[PDB]
Structure formats: structure tokens, C-alpha cells
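Input: one structure, supplied below.
Let's turn to subunit A:
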Amino acid sequence: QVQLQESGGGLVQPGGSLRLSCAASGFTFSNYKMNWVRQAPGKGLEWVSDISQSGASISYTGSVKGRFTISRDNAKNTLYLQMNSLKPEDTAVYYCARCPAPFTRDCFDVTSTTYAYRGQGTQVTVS
Partner candidate 1 sequence: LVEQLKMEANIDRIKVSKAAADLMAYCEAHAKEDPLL
Partner candidate 2 sequence: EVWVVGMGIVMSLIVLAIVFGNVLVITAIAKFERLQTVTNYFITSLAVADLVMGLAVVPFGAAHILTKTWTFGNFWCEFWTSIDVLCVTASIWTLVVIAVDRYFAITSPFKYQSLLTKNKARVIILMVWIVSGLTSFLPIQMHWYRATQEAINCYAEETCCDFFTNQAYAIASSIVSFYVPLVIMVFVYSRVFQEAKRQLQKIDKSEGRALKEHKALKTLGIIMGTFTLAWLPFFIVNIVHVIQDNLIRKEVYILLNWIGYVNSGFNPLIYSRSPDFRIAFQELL
Partner candidate 3 sequence: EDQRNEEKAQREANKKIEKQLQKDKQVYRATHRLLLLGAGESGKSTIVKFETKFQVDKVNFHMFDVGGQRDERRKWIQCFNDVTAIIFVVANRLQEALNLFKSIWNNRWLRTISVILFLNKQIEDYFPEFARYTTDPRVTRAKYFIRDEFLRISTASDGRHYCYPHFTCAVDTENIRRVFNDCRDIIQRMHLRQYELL
């Protein structure tokens, strides 16, 4: 069984700083391309970040460039999304999604429902 849990999060005023984690066990972590995904309560799923399978090719969405910083850890089996300088429209449930195939260069994971490598997801809001 594959297990993808999270940590951190809560309620912080603008300009705060959250550092979310993700506990991945069950599968070898060194060769699966990961990515985070946030769902605005009252809206469909969106996209925030990703990462290659060596921390090399980090990407981001449009309005989240520079602020955050994602970084894997291929020995401790974690994925940390350091958040900086939040905003009013950054309240959402944050899932630690994954991608289906090993040794891949593509993702088909931001789906309406029915995905089996996408954790429960903590909540992060702004006051």
C-alpha cells in the first residue's frame, strides 16, 4: 500500500510562512516525479508546483512564481513546499499528488476525483 500524508498548515495572517511536508512510503521515492496541488474551497482543482525526479527541473504556476520553493528529499522520503508571503486568495486544501508512471516526463494527475496517489491534504487559509 502507498501512503501519502501531509503536515503543517493552519491559519496565518498575510505575509506569513508555512512549510508543508509529505510522508511518502510504500514505493521507491527516488524515481517518481512529484507535485503539489491545491483545491480552493468552492472551486475545482488547480495546479501550484511540480518537480523533476532529481530536484533539477522545478516549475511553478503563474501567480506563484518566486514566492514559494519546492524541494524533494530522495533519502528521507519527503516533499517540502516552503510557502512565503501569502495572499488573500491562497486559502485551499493542499494535496501531495504524484504522477502515474516511473521514469516519466509527463503528468495526468489533476483530476476531478478518483486518483489513488493523492493524499488526504491538509488545510491552509489566510485571515
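Picked so that all candidates are chains of the complex that A comes from, given by their letters.
Operating definition for what follows: contacts are C-beta pairs under 8 Å (C-beta built on N, C-alpha and C of every residue); 3 or more make two chains touch, one makes a residue touch a chain; residues count from 1.
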{"item": "Selected neighbour of subunit A [touch, this complex] from 1, 2 or 3", "value": "3"}
{"item": "Residues of subunit A touching candidate 3 in the complex", "value": "46-47, 61-63, 65, 100-101, 105-108, 110-112, 114-115"}
